[PDB]
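So this first bit is one chain, no partners, the form deposited in one PDB entry, shown in structure tokens.
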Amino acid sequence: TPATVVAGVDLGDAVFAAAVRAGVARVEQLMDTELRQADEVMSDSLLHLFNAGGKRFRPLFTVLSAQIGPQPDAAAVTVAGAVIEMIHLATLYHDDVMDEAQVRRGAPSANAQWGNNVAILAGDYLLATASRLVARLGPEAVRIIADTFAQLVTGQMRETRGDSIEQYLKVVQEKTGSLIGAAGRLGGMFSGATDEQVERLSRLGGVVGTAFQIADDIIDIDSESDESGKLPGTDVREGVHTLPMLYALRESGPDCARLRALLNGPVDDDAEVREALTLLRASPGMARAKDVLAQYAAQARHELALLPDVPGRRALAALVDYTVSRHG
């Protein structure tokens, strides 16, 4: 693992990487401290996912966004990182209940080990914790995080009420773009970046988050649990039709009637899920989804290009390549 690599992204320079690595570690320490302040009745459920792993993509994105401003190591950037990751963690607790996930980060899901009730409450406690933490940053950050969480939940809700491509693109911008947008906005604000750099990092975050979710939906089909830390074909199993599945479902082919039959609702038979994965992996619809993913990567590169010629810009460019190429 190269010394220039932090949370899977080659940042290109070992001293810059060490600084970003330290920034991501400070976020981890503030979260670890806040989770361990909880009542003993909360502690085990709260540590369950936190200690299992996770890429810390959102702390990395926050810290890289803060590298654009003149105070990237500001205490307030660490608080912003911790707020974003706390919200992210809260959403995994609820999302794994909603998707009936048995595995998360290569271990039993919070709901598999503790049950849905403990998982729902662990997620609610993390949202209270995020709320107390963001209060430290002032009223503008409080409003950004409340609005951000409203958007994220709107996306989750839009997905559940939900085969439309435009609806899917609104879902992923809401449920995944909004929070990475907020990470960029807050990393910019609390590093002392300019108003213009703050808006550019927010737009970048939103596009990166959209790309991130499309890659997640591809990972659902193309990755094995060894790389993803979760069960492939969860979207097939739950009847969530993501972009590769929507494009596969618009194909004509000797197996397309069979795939239409398999994906016509939730799939509770694991062998049928595996059969649907075989058909999806071979579908030209997968290449169509990957081409859309590349279009979002191109939009993100268009956004970040007008940041300054500073290590943070190169590091964001490498993060965009990681967002779309990662296997987990």
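For clarity, a rigid core is taken as the largest C-alpha set superposing within 1.5 Å between two forms. Numbering follows the first chain given and starts at 1. Compared with the form deposited in another entry:
The listed options are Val273, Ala297, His88, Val240, and the one placed at a hinge of the rigid-part motion between these two forms is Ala297. Hinge angle between these two forms, smaller rigid part versus larger, from C-alpha superposition: 19 degrees.
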The other form holds:
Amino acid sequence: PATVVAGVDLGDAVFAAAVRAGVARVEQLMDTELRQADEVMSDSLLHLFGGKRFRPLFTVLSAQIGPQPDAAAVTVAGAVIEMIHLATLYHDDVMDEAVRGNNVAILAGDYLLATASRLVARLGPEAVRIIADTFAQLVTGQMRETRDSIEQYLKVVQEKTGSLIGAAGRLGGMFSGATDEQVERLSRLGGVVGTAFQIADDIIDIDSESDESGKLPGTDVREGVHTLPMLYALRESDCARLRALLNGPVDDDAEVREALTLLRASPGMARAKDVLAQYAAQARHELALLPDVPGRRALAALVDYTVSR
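Hand over the structure of the form deposited in another entry; the form deposited in one PDB entry is what we had up.
Only a single chain is listed, so you will not see partners or other molecules.
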């Protein structure tokens, strides 16, 4: 649809086409910079690099609050964020021994990080500082995922997902010339959006309906992984049968559906949906403190998408 960009309906067509071109300049910049890499890199780098490009969208939408939403440096920031995102996927898939092998995945991701660093060097001192501080949080989060278990999970998703989208809002705001106050609100907005996005993803993966990309639920159950609704379910008074299923990876397709209908019917599925609604409210709050401009409506459509996709 002429109003939709990267999976969210932004309203007016002249606005959606402005944002679309912004995301396209991020895309072009990343392809240009990645294609300069030595031949020995090509196979590794381009493998995990199209996309949904949520982070570039967030960066470009954040910049629409500023008086220069199409600043050259907004595109550079967009490319930096997306490259760090892509890089984390490579490194996760090694330590998980994961499908999305581990041959040369450490070095490729390591490149996406060098390259990210190359581009952020163009944005100046504070940007290099912002990104350094962010990547550092991002690691600690994946790290802590590696080990109050509920407090711990929420610290994980704030570090591993929240931080980087926080940085996208901060850099989008800064490089578009937004006020100091607007920069802080887009940063806070980004941190919450990233947190709600991960929790929504975790609920969706238990819900009986198929995901955005048409995927069936149960992956997290199968991989052993403990998500918010499971963490809540485990500490209730039946909850014993759940405990045994969830104790590790589940490979029997009936134990999968067994574990599912056990999770779905748990008070845990209620506690987790409540947590999501609290982060969604926190996001909508930060939105209400932005000016009443088409940029704000677009960011509200993005929150709406985040907490229902």
